[PDB]
Amino acid sequence: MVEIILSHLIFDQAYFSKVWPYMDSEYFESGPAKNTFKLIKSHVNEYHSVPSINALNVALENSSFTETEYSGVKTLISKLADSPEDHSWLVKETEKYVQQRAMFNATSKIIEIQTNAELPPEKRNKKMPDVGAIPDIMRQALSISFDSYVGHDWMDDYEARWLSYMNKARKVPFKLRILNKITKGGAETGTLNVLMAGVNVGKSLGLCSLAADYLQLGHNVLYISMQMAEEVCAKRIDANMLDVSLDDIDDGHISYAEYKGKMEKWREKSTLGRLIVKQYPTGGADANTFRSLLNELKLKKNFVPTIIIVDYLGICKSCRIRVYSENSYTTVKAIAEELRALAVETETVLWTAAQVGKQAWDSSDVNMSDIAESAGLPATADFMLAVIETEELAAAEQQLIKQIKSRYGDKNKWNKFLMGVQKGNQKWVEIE
Amino acid sequence: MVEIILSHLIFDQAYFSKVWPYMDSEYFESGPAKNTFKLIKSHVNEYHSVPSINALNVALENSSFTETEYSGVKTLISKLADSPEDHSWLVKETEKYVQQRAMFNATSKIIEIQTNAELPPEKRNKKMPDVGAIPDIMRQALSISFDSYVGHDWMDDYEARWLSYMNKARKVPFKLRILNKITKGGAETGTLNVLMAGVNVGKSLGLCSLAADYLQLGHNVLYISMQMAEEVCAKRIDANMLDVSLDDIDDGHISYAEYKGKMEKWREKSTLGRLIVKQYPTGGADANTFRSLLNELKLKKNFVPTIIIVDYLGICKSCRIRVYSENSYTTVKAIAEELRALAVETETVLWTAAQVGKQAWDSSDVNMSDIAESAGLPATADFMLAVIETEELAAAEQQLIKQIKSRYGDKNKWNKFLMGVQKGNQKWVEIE
Amino acid sequence: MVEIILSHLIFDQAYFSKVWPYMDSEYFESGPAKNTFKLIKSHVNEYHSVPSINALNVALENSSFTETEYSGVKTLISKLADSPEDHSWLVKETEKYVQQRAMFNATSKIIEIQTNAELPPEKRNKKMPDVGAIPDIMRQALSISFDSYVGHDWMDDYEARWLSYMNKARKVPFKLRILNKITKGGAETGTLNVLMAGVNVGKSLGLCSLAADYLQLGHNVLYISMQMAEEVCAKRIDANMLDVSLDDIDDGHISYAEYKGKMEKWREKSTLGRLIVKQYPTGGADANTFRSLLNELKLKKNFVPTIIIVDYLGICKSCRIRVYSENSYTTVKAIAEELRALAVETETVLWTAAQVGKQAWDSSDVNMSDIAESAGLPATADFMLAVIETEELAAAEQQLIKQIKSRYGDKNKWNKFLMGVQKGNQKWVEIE
Amino acid sequence: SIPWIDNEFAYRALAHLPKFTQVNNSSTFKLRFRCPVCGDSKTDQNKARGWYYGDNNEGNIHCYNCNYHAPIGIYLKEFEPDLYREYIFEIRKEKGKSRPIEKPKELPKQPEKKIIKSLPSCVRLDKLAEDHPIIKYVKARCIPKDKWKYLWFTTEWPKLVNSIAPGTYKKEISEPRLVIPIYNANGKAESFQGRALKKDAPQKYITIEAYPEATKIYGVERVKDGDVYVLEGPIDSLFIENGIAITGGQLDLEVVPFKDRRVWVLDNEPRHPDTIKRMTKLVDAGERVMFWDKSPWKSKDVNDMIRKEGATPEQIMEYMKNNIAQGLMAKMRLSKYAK
DNA sequence: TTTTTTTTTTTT
RNA sequence: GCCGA
DNA sequence: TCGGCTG
Ligand SMILES: Nc1ncnc2c1ncn2[C@@H]1O[C@H](COP(=O)(O)OP(=O)(O)OP(O)(O)=S)[C@@H](O)[C@H]1O
Ligand SMILES: Nc1ncnc2c1ncn2[C@@H]1O[C@H](COP(=O)(O)OP(=O)(O)OP(O)(O)=S)[C@@H](O)[C@H]1O
Ligand SMILES: [Mg+2]
Ligand SMILES: [Mg+2]
Ligand SMILES: [Zn+2]
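Residue numbers (the deposited numbering), protein chains in the order written: chain C, 1 to 432; chain B, 1 to 432; chain A, 1 to 432; chain G, 3 to 341.
It is worth saying that the hints were derived from the structure and are not from the lab.
Each hint can be trusted.
Capping the alpha-carbon separation at 30 Å, the derived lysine-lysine pairs in DSS-like fashion look like this: (1) A:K127 with G:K95; (2) A:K402 with B:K358; (3) C:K300 with B:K18; (4) B:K301 with B:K175; (5) A:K18 with B:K301; (6) G:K79 with B:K41; (7) G:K32 with G:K283; (8) B:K402 with C:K235; (9) G:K105 with A:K74; (10) B:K413 with C:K358; (11) G:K300 with G:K201; (12) C:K235 with B:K168; (13) B:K96 with C:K298; (14) B:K298 with G:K99; (15) G:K97 with B:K123; (16) B:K300 with A:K38; (17) C:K358 with B:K317; (18) G:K79 with B:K127; (19) G:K107 with A:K34; (20) C:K427 with B:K402; (21) B:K127 with G:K97; (22) G:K97 with B:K300; (23) G:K111 with G:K21; (24) B:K423 with A:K416; (25) A:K126 with B:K92; (26) C:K427 with C:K405; (27) G:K323 with G:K300; (28) A:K423 with A:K175; (29) C:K235 with C:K265; (30) B:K109 with G:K79; (31) B:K74 with G:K49; (32) G:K151 with G:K116; (33) C:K427 with C:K184; (34) B:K181 with C:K262; (35) B:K18 with C:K298; (36) C:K175 with C:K235; (37) G:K97 with B:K301; (38) B:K96 with A:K126.
Using the sequences plus the hints, can you model the full thing?
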């Protein structure tokens, strides 16, 4: 791809702006490519601007080589065209080409060094380095890349980090003042959040409430459900968005005119996003399945999610571990790590749910030690809320959601807070 | 028309955005076209964009291939060119070609399946599906059109959701008003439901009673018995549906005339279904076994069930688990998850049974924490019932039900209703 | 295979009356086979009787056939024999041939349908089916089975089920009036039963006696013993059968003359079964072994068992469980399940013994909760008899047998009974 | 499998490929072709590593250049999807029916057709002078003089062959070779081997058959009573009483007569695993095989023993007669001797 | 088929 | 690819 | 410079 690299060096500007610092005449060849790049470098050195084709011809005329290679050079510069390629692929391919040629040059260099070492010192060369330098120069070829930043320097990058503080660029509002207060800005992008609760306590109720709240805040919400069917999740959402109890739905107590009117009233709002509910077989979805789902949702429709709600991570499968090869701890930890990797790759808040141990299903207080499946789930999670329901709490339609883990704020400031739950409407309300 | 499809994949944004997500490597051919599409798919996966001809023929084609394949790919790519063609005929012809190639692949696959099955075992190339799943694969090739149907969009599909609401086309009502008034219309299609009684407290009187109830409602019932023979389950069904004591069938207080007359009277009714009872050895049937049985019943007896009642979930086996584990939790939970996957695949209410803990025996109440087989079964269950008749209800021929778990409604509304058992007839009646 | 099918259609009455309803003219060929079957169909239609070979030759004589077809049909007719093959293999093989040819016909039909579809619609065959019916056609291919018996179909097998009821085709008597009274006819085939020995009861003795009583009724019995030598178990059998005290056998009070006389007297009776004692090392015998032992006994000794008495359940081995322990709940549960599966698949009654807890030992009344292997064994054991010996019963030479679990009948009908145990004679007698 | 359909489809899908050749021997069906997966080499156009073997129960395409061994169906799937579907459909189509390929079982063979009467450009060794270069070479070979009446010397071997079988060589370049006529049981020459002279002949050291059905066993006409010893070299057989030598790369037991009394005397190399393969296939037939496990000499062939280690024919015969083992006895010596 | 770490679960 | 000429 | 060679 030397032709492409030279053509985009001559014509493109941003590509030259980024790729020129990591360029050496040794990278290309010993023939037409080397002489062409030498002409380019000489012209940019003399006059600090990328030359033109006419400039190349003038340089060839005034500065000449032997005719046998002169003809090759002149016929090499007859095919460099504009060819407006994309920038990401061009940069990546130039990086791969320079890395491959650097490896080849380093290998040939170490071979020449060893060959010189084999020779007697009487007739050996002096310019070639010594054998003890063979390792380090290989490193010099190993770490060649266009990534101008190896990592984040604390003092060199005091700027470009203060921007992330003025504009939050990570926080996503919760639409529930208590959650924002205990989170200081809401769940952050590229993070995995977990609602942990016992059987039939309201894990999916809470996930649907959060999904609806995000939907009201103009957010793309992808509700990937493994346990419930698409229609069931949609109904649990409609119970929240349309302010009609589930009993009012299953008893036909809402006229179709009312349903259509409320749906179109929500649609007319410009502050309404999109909610996609996807169903997968229980235990038949992994990280790569979610990645394929995201790809198809991006392609088949102009739908890129900003929130991903997985119904239950425990009933997913690990994308690396073969199914049921490892015990609960290893498998569930791998699943959590894969989900968090998906979250950080998509820069999307990945809510999900988890079950608690059999001992906590009738416990007025739920501790982190009661997490079912792996104990590495709290380790890999970024914000964990335990949903607790008791007879006394049920008597007033309230729960005891409590902060089990928090990477967003001091979990002890507001550890336990009552959260009213309208199960008929499947909605979360804050006590005020 | 592979050349046209690729030429408009590379040189047309709208055509790509319309047709790419349905495109696949198994659609074009076994020649240069497949390799060209492989390169295109690799580039799209790497950079989320359609490459240009320069990217393909230089940056991409220069990879692992064969001289013949390299020449063919280069010839095809040089043969690619943009041609002005209307973007309604292009999409339609592409859809037709994709459907045709899907049908071709499906036919080839089913022919290979027939050839493989005709070959004797020990060379039967496992992981290849049996002959029984020949039609659905072809049916899969039928519905392969370019219809962007991924998930259930909350706003774009409110009409279909309302149709499902008004038809109530998920509920399969019970014959008992009491269960219908707590399940808001009965059990739902793609759901796994569980009965827990203990030892000789029920757990098959209830399952047989529900089978009889679904039979009197015209539903197809498949009673897959694991702990009982094919004849004892049918005997309990006879005791329920003939109003005859189960002992009376044993001693001989019923003549053949009475039995035959009652059976023919039941047959003459138009509201009677088919209660097919099939037995498998205790611990020797998995979800794959049940899928094969369903396929066989569909093929031979033209019997597609709407209710599947497995006599015992705990003495089943897992299809995914390969090495039997001494750990009850994971084994039972995997069995339950596979059963629920089967239920949601066949849209059949799947009733089954779970064993309660030893502590719950002879206890006036049973909580959800009394499940013995696994705490993961209530996690993937949809509707659980408990039988808690200790001594007093036995003397009064009663059975109290606590409704430990309910995904169909608030489980605290009608927590107790004292079901009217009749053990001699093996049936349930209300106490209205 | 066509020649055999036609020959056994011509020269049989049972095979014809079994396999004619599933034979079509398209199943055989486009040549001699098709024409011959056409002649057979024509003859059976004009005259409602299977043609004879000379009748078929006459039909060939008077029919529209070409010269080559005439010669072929004549040769095939002359190639038809009256070979007396067996019935089951003939049915199975003709069913296999019919299914294979039906699959070939359906595949050819769908291939021709797809070929017809890819034609200009103006020039197509209207009679050809549409593409959307392809999954149906293959279904008709798989809806071909000579004997359609999959599970017990209610309302379609009421006569067979009633015949099983009247014939008591499942029960096997006990030679003791009390046991038949508490089991409504005795133990049933394809079932597992367990004797719960208490504080020193002698698990071997009861299984020993039942083994005997089952022997005196003419049933084939196989006592797989673990904790005892073949000679010791056979000595207990001799004690029960010859009325000779066990210690008298050791002392030598009974002489060879009397022993041989009693043995030959028992041999004279035609109502005596066969007992096969087989020993296995403690813990070296799982259920799968027993299957191989049954295969060997059937193949070599022609001994087809109806009673299989295994000496001790706890001493047994799980079929597929690596970890072994002397008394563990998971192991006993797996062993019970595997033994019951063996009983079901062999259509044989299986008996075993098990131990109970100390609470059951001290108390005369034994509850299912007061069982060492409760929940596990109770779940997979069709019959469970708690055998308890008390000091007063020891003085009275009796034992208190309690029906802990009876899948056969009601638990409380006749729960506790005093049994006339003779330890020296290893015999059980009834109590007036 | 369905080998005949595999062969048919392989022929259909490989005929158009360059350097195709349908090598069909009386028991083997093979196809030579430049492998499309690799292309072999520009120099090695005729040295095409693409081979197809259909003589087995299954048809396999193997190329030693790219080391690509695969069933015919896999190749059809990867290269001829239309033909792949055709084949995969028709295999099932004829799978249900009974195999009819045995119906046209005919033999196109013929009896002795090119019976060799006289040898132009050939002078028999016993007819030659004692100072002839070939005579000195065979003196170095130490062949007994009495058997020299069984070998000829030639200088026009391509000319001789083209006089017998015209068109074998486009050029009749004069070439001196040792013509060994291979006769039948009745004593008439059915083929002849042009044994190379000096260290090695320029090219094409091959036994020319008068006709494809001609015998490949030398000295059958000279077989007398007693056990028959089968060797690998006709010259080696000349040192063996009742010694015949098979001439060809194919070793068929059926064509070799004296099933009762044929004794296989092979080379003295425990290495060269092809030799071990031959020994194993002979012993699996329960045949009489001689074993060099106790041979005092360590040469390769009997003539090598005589020339280099000074072995005498009588020692060879006594070793052979004392070292004949069969069945398990043979297998023991085979197992110990191999390595 | 043992064997060891770890976790999770469950029974007594 | 290895062997034979 | 040719042919024949297992996996
Ligand atoms: N369809 C429904 N109609 C009415 N109330 C419902 C419905 N589904 C759930 N509920 C109520 O909401 C509570 C929690 O519901 P869910 O969140 O769906 O259960 P869950 O937390 O997902 O527990 P799992 O995942 O099934 S173990 C239940 O206990 C019921 O009181
Ligand atoms: N033939 C019968 N006549 C009368 N009552 C019966 C009969 N068979 C069973 N029963 C009653 O049914 C109950 C026994 O439980 P079942 O309904 O058979 O299922 P189950 O035995 O509890 O399931 P498991 O796994 O075997 S504990 C007891 O209440 C018995 O009294
Ligand atoms: Mg849930
Ligand atoms: Mg039961
Ligand atoms: Zn190749």
